[PDB]
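Before any questions on how it binds or moves, here is one chain, the form deposited in one PDB entry, in C-alpha cells.
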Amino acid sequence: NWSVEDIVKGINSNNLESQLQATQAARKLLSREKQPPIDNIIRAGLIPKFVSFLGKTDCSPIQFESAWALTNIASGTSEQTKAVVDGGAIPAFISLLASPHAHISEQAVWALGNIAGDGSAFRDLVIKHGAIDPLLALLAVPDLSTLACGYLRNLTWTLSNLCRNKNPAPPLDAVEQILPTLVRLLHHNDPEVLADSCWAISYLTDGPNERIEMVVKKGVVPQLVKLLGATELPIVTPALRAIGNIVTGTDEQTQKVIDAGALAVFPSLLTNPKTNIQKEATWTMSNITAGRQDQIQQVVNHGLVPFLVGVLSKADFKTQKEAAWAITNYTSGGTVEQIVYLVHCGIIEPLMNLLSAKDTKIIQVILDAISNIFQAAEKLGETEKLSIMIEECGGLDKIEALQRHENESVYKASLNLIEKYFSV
C-alpha cells in the first residue's frame, strides 16, 4: 500500500535497503491487475532509476526487482513501452542476458521480446544494440531439452519477434544469424516452441525471393516438411504457410520443398476438415503447379490431381478459387499427356460449374484452362470428343452465356472458343 512518493524517497536515497524495498514495492504496484500506477511511476521519473539499477552487478535482488518493474511497464501500452526504450532500457537489458541468475536473464529476454514486438522500429533498435548474439548464446546448450520449457518459450517467442514485421523487414544479416538456431528449434518437442518457430519462418519467407533463398539455404525445409504433418493445428497452420511462402519463390526453391517430401503430405492437407488448411494447401498447390513440367509431373506421381479435382468440385468457394488457379497453372505449364491425365480425372465438369460465378477473374482463369486443354486436344486431333464432354455436361451453355458477360475479355474468350470448337 506504498504510494509513488514513498517509492521515490526510498529509491533516491542512499540507503541500499530502502532502495531495494522501494524497488520491490514499485514492482508490486505495477503488477496489480486492477489499476496499476504505470503512468504515475513513469511521471515520477523512475524509469531511469530502474535502468541504472539493472547495472548494479553487486546487488542481484535489486536488479531482478527493477527488471521486472521495467517489464511490467514495457508490457503495457505502445506509449509506456516507448518510455522504457527512451530510458535506455534496451542496452541495459541486453547486458543482463548473461546474468548467472536465470530468473533475471529470463526477465531480460521477456522485456526484449515485448519491446521488439512493439513494431519494426523498436525491433531494429534491439537488433542494432546487439541483442542477437547474447540471445543465441542462451540457446547454445548441447541439449535444448535441458532448458525449462517456460524459459525456452520466451526465448523462441523473442526471436520470433525479431523476425516479425515487414515495414521494413528485419535486416538480412540479422536473419542470417538467427536462422541456424531456428532450425534447431524446429527439432524440439514442445508444441509452443515449434509453433513460434514456424511462425517466425513464415514471416521471414513472406517477402522477396532473396529472403526465401536464405531461409532455404539455411536448411529449414526438411524440418518444416515434417511439421507439415503435425497433428497440432497451431503448428500445421504456420508450417503450411511457411511452405506456402517458399513455393511462391523460384522453381529451384520450390524443388527443395518437393525434394523434402512435401507432396506426400498434401493428400491429407487437401482433405483436412479445417477449411482454412484446405484453402492454404490448395493455394500452396497452385504455386507448385505453376512451376516446371517435371514438378507438375511429381504432383501427378503423388496422386494429387484427383484431390485437386475433388476440392474444385466439393469445397468452399474461396478454396475452389485457389483450386481453379491450381488447375489453370497446370494446364498452362503441363505437357499434353499431363493434360490428358487431368481430363481423365474428371476435371471438365467441376471446371464448368464455376463458369457462372460473380468473380470475373475466376471466370478468366477457368476460360484459359479450357483454352489450354483444347490446345492439347488439337495436337491429338481429339478436339471433337472434348467438345462433346463439355456440351454433354452443360458447359457449352455456360460458355455461350458468357458472351453476355459484362467483361469484354470474358466475352472475347467465350466467342473464340465458340468459333473454333463449336463452329457452325
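Here the rigid core means the biggest group of C-alpha atoms that line up within 1.5 Å when the two forms are laid on top of each other. Residue numbers count along the first chain shown, from 1. First, how it differs from the form deposited in another entry.
- Comparing the rigid parts between these two forms, the hinge point among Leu182, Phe93, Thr284, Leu204 is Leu182; every other option is more than 12 positions away from any hinge.
- Treated as two rigid bodies, the chain between these two forms differs by a rotation of the smaller body against the larger of 17 degrees.
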Given for the second form:
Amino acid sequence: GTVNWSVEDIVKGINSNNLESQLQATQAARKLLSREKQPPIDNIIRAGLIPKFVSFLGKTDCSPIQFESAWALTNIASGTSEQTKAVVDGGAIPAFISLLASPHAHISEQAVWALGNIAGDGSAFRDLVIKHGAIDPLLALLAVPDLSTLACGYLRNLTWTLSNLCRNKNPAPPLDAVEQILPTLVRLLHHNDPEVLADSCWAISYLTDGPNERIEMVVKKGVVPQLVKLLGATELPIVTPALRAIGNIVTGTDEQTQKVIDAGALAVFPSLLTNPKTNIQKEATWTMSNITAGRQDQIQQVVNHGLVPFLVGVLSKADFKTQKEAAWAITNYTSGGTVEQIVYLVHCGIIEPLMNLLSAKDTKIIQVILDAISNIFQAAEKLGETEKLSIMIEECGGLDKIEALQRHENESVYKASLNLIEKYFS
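Previous: the form deposited in one PDB entry; requested now: the form deposited in another entry:
Shown below: the chain alone.
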C-alpha cells in the first residue's frame, strides 16, 4: 500500500490539497525512514519535508497524520546530531510537548520517544527541551497509584526519556529540573521490570557524575540501599549502571562514601572483583580505590569484609586497565592506612604482584607502585623492619626491577627508584 515510495512521490503527495493524500504520503515517508538498511534520512530533509511533518503534528482533527508525522520525525531525530538539529530547527519541540497530552496513547508515546532523542543529543538541546516545559507533562504521565497498571513498553519509554534529561555535562542538568525529576526516578528504581530498572540506574549514575553537591541531592533521597540491592542483580544491564552510580557516590565525601558501606555494598564485591565481564571488574576496582582513599575506619571495613585478598587477586591477574585501578587502590590504602593495616596487606601477599607490575612500560602505574612501595617502607621503619621487607622485595626479583628503573626516561621514576635503592638497599 504505502511501501517503496520514491521521495519525489512522497513530495507530490504531501504537497497536494488533500488531507487523505497527505496522510497517505506521510505514512509512506514513515515506512521509508523506518527501513533497516540506510534509510534516506538526508534525502527527506533535503526535500524540505520536516516543516510539513512538524505542521501535521498540530492537526488535532486528524490524529492518524499526527501519529505518522510524529513517527517520521522521531526516525529522523533518532539519527545523527545534525539530523536531530534539523528536527529541532523545524519547531518540533513545542509541538511534541503539546502531544504529550494527547488522548491517544500511541501518539503520546511517540512524542515521549521524540523528546528523549532530542534531549539525549546534548546539553543545549536537553536544556532547550526543559525550557519549553517538557518535564511537567512527562511526569504527569506517571501519576498513577501503581506503575504496574501502565503498559510495559510505554513505561520503559518514559523511563528512558527521563534518563536522557538527566544526561550529559558541561553543563550538568539544572538543579531545579533534577530536583523535580528525582522523586519520580526513585519510584521507578523500585519498579519491577529489568529495563525500567536499567534506565533508572543510568539516570542515577548520570546525576551522581559530578561535584559532591550533586551526589548529595541524590544520596539525600535515600536511593543508596536500593542501588546496592541492584548491584546484586543477575542482569548485567542492571549491574553495570548500578555499579557506575555507586562508583560515583564514593568519589564524594567520607560521609557519602560511608552511606554506601552502611548500605552493605562491600559484601557484593568479592563477586564484582572476580566478575567474568572485564568492565564490571574494572569499575569495581576503581570503586575500591576510592574507598581505600577514605578514612582508616573505612580502610578497616574493606579489611573486615575480606576484600584485601581480592585486591591482591586483581593485582596479580586482570586486564591491564583493571590492574592500574588495583595499583591505585593499593597506593591509596598504603597512604592512609594504619601500620597494622599496611602490615596485613603485606601478609596477604601484596609485594610480589606489586613488583611484577614494575615491568609494565606505563610510566604512571610505575610512579603509583613506587609510591606504594615507599609508603610500605615507612610503615616498616616504625617497626624496624625495613630489613625483612628489603629481603622480601629482593627475593621476588623486585630489586632488579627497581635498579633497572634507574634507566627509564622519567624524572620522578628515577628520583624514587634511585632514592629507594639508596635508602633501603646497602
